[PDB]
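Q: The lines below spell out each chain.
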Amino acid sequence: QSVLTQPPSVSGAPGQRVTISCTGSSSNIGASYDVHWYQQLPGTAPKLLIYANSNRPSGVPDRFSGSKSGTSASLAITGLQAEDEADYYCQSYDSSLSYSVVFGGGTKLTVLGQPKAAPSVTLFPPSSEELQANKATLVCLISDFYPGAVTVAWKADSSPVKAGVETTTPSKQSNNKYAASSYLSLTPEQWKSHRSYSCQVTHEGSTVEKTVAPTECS
Amino acid sequence: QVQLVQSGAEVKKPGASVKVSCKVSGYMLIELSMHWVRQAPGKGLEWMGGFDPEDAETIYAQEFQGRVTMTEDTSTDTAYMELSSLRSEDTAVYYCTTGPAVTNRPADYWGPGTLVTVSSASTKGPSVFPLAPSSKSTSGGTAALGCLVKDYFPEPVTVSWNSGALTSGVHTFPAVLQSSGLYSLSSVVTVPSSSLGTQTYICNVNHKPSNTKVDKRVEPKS
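Each protein sequence line maps, in turn, to chains L and H.
Throughout the first sequence, residue numbering follows PDB author numbering, covering 1 to 9, 11 to 27, 27A to 27C, 28 to 95, 95A to 95C, 96 to 106, 106A, 107 to 212 in sequence.
Throughout the second sequence, residue numbering follows PDB author numbering, covering 1 to 52, 52A, 53 to 82, 82A to 82C, 83 to 100, 100A to 100C, 101 to 215 in sequence.
Treat the hints as calculated values from the structure; they're not laboratory data.
Note that the Cβ used here is the ideal one computed from N, Cα and C, for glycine as well.
Check before you lean on any hint, since a few could be wrong.
[Claimed, not checked] Capping the alpha-carbon separation at 25 Å, the derived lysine to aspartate or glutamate pairs in DMTMM-like fashion look like this: (1) L:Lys166 <-> L:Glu210; (2) L:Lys103 <-> H:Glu46; (3) L:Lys171 <-> H:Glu148; (4) H:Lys19 <-> H:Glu85; (5) L:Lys204 <-> H:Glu212; (6) H:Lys214 <-> L:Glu210; (7) H:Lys206 <-> L:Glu210; (8) H:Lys117 <-> L:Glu124; (9) H:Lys214 <-> H:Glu148; (10) H:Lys129 <-> L:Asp85.
[To be verified] Label pairs and their in silico Cβ distance ranges: (11) L:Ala50 <-> H:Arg66: 30 to 36 Å; (12) L:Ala50 <-> H:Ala16: 38 to 44 Å; (13) L:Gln79 <-> H:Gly65: 41 to 47 Å; (14) L:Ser122 <-> H:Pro185: 23 to 29 Å; (15) H:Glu62 <-> L:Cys211: 25 to 31 Å; (16) H:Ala16 <-> L:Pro109: 32 to 38 Å; (17) L:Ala207 <-> H:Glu62: 30 to 36 Å; (18) H:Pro14 <-> L:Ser93: 18 to 24 Å; (19) H:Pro185 <-> L:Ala207: 24 to 30 Å.
Hey, can you work out the whole structure from these sequences and the hints?
A: Here it is in structure tokens:
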């Protein structure tokens, strides 16, 4: 798709060296136009990482280096660190029609060997304000788990419930763990008519369940 | 150095146009090469156009030629990108970027981005509800409390706590898309549990597409 071609994904273990290639043509990298690289950390804007093929802007660690040969460029990261999990994009210029800035398609870097981390789960009942507006939402907040796969189930009393449940896909946090949220929409009469509701979060074979009840003002 | 501030997110109808602004400080606009790069959700970076200092001309990318206009007001150090005949594929974060014109570099500095949503659905500001701390949200010496930001459109919403005076232990979660086509999100802050009788906690919700801000006081459950 992209004028410059990158691998979709690269991985390595902490401390290792990984490389990201960026291949172009005789009308961009092979025409001797510079290659720059950008890093996009989870949830952030891109930022300049390497400029003019091999140079570090102030602030970038010397673990990041770059090179170019022929129609290809490469980004190398030594001493790979968990904070380097990010999307990386190459960029050059292409004279096929006029001036143009061209980008690679991006590479997602995974740092292997990260420890499993169990989810922190908080479950809130409907607020009094929302009930008085004739609505009710249970809110299940799930954070700081690793790896990113989680299953969420809800129960009304002891019985599984699916109606009204809406759950987000896991999303990478700035600390490389993951977050998700699940919402159960009920009427106020349903909320008041059960003994309790529960959110059950299953992660790597183990489950954390939180419960709320309309008879609590805790 | 260079700092960039952009205009706010908004929804536009299909077939309409959008005009995004980028105000520059630290360097005069005449010293800078301005470019625009967009990123559709979950996709890569796409260059829209920008200044070629070697020819001293602004050049547009092939795929936007005839639909995009880039202009500047050097009296106000503000650059503008207008994109017309909007379609679904134009929903994206639009970044202004710049490099010093003395270089060939286009994007040493990236703006914060402006999310433009192309939709026939109208803007809806949020309803904000407190998520009060209780014995079921406490973890000994700390406690979790939050805000529920319900039923807004388009994205994004941002949340701070106590005007940014609470930052450690804030977590604002990505939004859910509900069956209604409206978004909801939550934000939580962990605070000392001893504090809860005496301390005021306020979530500060910003929904730029509706020009709405809400400061919601979160009180202990009673």
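Q: Which hints from the list above does the structure break, by number from lowest to highest?
A: 1, 7, 9, 10, 15, 16, 17 and 18
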